[PDB]
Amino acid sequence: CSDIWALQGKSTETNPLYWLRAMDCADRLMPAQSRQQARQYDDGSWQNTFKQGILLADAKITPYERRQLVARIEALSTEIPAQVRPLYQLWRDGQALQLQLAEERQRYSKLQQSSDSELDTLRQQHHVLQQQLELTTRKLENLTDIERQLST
């Protein structure tokens, strides 16, 4: 399961059972191991690119880094063997859904942000107005009471 990463050749590249074992092995690795193992596959081939994507997927990577990975492998979508495509597609879909999840997380916090600064601003003005109204009202009452008493 450590020797699986070093396998190359057409009989491996085109082999869905190989990639499935890779994905399996990837999931047994701690984030730091994943990153270290991934550094060894820099050659820029689709095989290495795909391996990098598999290893780094659960390596506690930023939504930005993930978007970078997905982009690199999607650019070599034509290079993925016909036997592998269905497996690749399933994996790629998972990554796409995690990026959509990242967006929706960001989009939510943005709404939580702007709507809270709006509320805090308005409730600030409302308190200021509550105070302004009390003072003016009390003045009016006070003068009115004096003027009522004076005229009688």
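The term rigid core refers to the most C-alpha atoms you can superpose between the two forms while keeping them within 1.5 Å. Residue numbers count along the first chain shown, from 1. What changes on going to the form deposited in another entry:
For residue 135, the Cα coordinates differ by 2 angstroms or more between these two forms after the core has been superposed.
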The other form holds:
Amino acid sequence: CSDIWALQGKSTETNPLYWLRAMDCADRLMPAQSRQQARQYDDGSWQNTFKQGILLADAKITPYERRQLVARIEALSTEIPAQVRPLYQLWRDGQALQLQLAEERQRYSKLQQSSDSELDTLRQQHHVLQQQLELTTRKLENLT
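What I would like now is the form deposited in another entry, since the data block earlier showed the form deposited in one PDB entry; can you produce it?
No partner chains or extra molecules come along with it, only the chain itself.
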């Protein structure tokens, strides 16, 4: 695997088996090791953005890190060699769906947060208003 990460050249870029082996090899990595190794592949070329993304995707990233990753992955779609596009697309679909799932979960937290607090606020009012009604009914009886 050590050599798979090092390989460069038109022969390997355009070969879907090279990229499949890289994705296979990233899986064998402890997530801290994946994150650390991704840091090397930052020359901004499309070959290196794809390697870095492949490594970062096993690295246990925050939703915000994935948002940026999927943005970078999509950016370079016009440079993906034709014969590599199916593999790239399936791997990218995987990152986008994991990104949608973090988003839906965030949507579900905002609903639960806001609806539960407006619920609790209503019950606060249902007690304050209730007490006021009774007190008022009391002053009406103790009218002279």
